[PDB]
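Just the one chain here, the form deposited without adenosine-5'-diphosphate (ADP), laid out as C-alpha cells.
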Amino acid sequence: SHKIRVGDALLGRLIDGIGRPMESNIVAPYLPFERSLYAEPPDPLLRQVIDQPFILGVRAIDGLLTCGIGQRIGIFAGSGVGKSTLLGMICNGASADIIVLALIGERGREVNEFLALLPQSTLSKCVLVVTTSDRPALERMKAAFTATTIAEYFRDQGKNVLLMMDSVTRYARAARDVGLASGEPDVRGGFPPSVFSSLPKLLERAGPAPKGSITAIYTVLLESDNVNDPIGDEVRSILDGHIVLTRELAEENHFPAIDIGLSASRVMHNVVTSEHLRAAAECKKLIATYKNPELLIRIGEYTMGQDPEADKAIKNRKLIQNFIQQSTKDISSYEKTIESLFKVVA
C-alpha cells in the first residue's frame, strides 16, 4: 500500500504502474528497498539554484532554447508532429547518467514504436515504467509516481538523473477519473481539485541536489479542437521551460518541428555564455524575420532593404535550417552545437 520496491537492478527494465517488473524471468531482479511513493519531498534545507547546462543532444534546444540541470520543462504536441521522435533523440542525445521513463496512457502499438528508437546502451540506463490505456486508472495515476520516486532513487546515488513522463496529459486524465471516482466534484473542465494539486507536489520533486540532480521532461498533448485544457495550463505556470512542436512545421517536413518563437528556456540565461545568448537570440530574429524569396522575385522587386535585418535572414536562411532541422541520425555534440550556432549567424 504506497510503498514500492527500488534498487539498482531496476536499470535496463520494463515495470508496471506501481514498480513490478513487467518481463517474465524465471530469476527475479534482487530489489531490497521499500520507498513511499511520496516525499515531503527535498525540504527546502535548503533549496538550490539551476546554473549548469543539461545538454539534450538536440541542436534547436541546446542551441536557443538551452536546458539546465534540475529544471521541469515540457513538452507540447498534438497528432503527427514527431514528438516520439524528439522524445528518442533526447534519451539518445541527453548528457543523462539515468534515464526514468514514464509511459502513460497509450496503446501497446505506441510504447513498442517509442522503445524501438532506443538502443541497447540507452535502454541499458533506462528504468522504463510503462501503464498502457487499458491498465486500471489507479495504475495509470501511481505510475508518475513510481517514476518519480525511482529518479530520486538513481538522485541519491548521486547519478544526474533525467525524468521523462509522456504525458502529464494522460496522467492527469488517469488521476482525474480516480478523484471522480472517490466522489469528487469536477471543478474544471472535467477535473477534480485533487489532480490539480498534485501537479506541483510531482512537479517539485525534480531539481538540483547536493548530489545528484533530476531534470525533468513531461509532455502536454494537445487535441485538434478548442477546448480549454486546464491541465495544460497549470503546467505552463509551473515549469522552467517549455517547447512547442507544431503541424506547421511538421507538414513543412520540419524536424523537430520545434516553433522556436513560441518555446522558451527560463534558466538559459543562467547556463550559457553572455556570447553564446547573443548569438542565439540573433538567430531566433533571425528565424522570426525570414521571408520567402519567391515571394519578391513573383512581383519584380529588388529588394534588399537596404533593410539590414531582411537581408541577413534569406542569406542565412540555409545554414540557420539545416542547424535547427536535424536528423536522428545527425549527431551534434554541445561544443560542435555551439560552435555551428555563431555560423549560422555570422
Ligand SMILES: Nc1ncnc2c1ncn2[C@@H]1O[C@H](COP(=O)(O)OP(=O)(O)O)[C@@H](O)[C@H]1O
Given for the second form:
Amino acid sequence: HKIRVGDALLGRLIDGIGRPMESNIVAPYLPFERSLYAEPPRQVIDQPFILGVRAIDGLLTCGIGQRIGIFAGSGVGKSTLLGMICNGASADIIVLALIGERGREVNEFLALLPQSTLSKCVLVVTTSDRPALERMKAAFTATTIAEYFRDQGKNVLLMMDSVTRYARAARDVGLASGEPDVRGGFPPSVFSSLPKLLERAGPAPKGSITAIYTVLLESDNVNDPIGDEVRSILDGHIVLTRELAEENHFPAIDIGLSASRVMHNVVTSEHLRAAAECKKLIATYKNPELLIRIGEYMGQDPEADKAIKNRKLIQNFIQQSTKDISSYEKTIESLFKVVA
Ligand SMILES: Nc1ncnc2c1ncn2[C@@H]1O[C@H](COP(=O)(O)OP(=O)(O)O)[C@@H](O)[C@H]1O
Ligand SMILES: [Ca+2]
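Same protein, the form deposited with adenosine-5'-diphosphate (ADP) bound this time rather than the form deposited without adenosine-5'-diphosphate (ADP)?
Then the entire complex follows, led off by the chain already shown.
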C-alpha cells in the first residue's frame, strides 16, 4: 500500500488511507507516493519537548523523539488533555490519528482546536463505522505522514488516539485472514506490529517525531495484553484516574502513577530537584480536618507541614484549565515557587 502525501495535507481531514474527506471541488496537490511500511532504521534523547501542560512539563518532562503513553479510562478528561497538548506543544507539525470513536466524539475533540492549531495539523480520522482494514491502516498512514514532515526538517508531534483501537482493528483484520487467538483474543500479527509502529518515532538528523499513544482503560479487571506490550516499550507514561477526575481535578494526572524515563536527561539538576520535592509534597498531603477533628495541633513533622502550607500553590500548578496557556519559562518559575 502506497499513499499520496505533500504539504497540502496540512489543515485537512484525511481518511485512514490518506485521502481527503472534505467537500472541495479543487483537489489538493499531493505529488508524492510513499509506502505505508517502513523497515527499521541511532540517536539519543537530550532535548525537552514542551507540551504546555504544567504538571507534565514541570514534573514528568518529555523529550524530543520520545514515545509517550497516555493511559485513561472513559470520562477522565482524556480528550481535553489531548486538546491542550495540541494547542500548547512546541511542534512545527501535528499529525493526529483519531481511530475507532464515533463521529460525535471526534467533533467534540476538534472543537477544542482553534484555527491556528488546525492549520498545522494533519487529521487522520477513522470512525468506528469504517472497515477494520481502514482503522488499522490509519496508524501507518499517520506515522508515514509524520515521517514525510520530519524529512522536511520539521519537529513533528504524532498523536495517536488510540493504540488500543488501532489494535482492535488490527486484530479483526488478523483473525479474518485465519490467524488464531494467541493472547486475549489478539492474533500474532498485532503483537509483532506494535514495536514496528513505535520504532518509527524518534529523534533524527533532519527533524524529529515525538509520539503520544493513548491506551484506553476499561472499567473491568480484564487483562489488556496490548497495554502490557506498550508499557514495556514506552519512554514515558501519563496516567489519568477516575479518582482525580471525580474531584474535578484536571488534568486528572496521577503523578505517582506517571513517569518520564528521559526527564533527568533533559532538565537541569535543580529542576529535577524541585520536581522530586513537589512530588513528595503531593504524596504526603493529608486533609488538616483529619487532625483538627481529633483535637487539632506539630510536630516535629516538617515535610507534611509544608504540604499544607503549599497546597493551594501546588494544586493551582498541577491543575490547569483548557485555555490557561503556559510557556516553559513560566512553568519552571512556578514550580520553584510551589516548593518554597
Ligand atoms: N483540563 C480541564 N480544564 C477544564 N475542564 C475540564 C478539563 N478536563 C476536563 N474538563 C471538563 O470535563 C469534561 C470532560 O472532558 P473530555 O476531555 O471531554 O473527557 P473525555 O476524555 O471523556 O472525552 C470536559 O467537557 C470539561 O468540561
Ligand atoms: Ca495487564
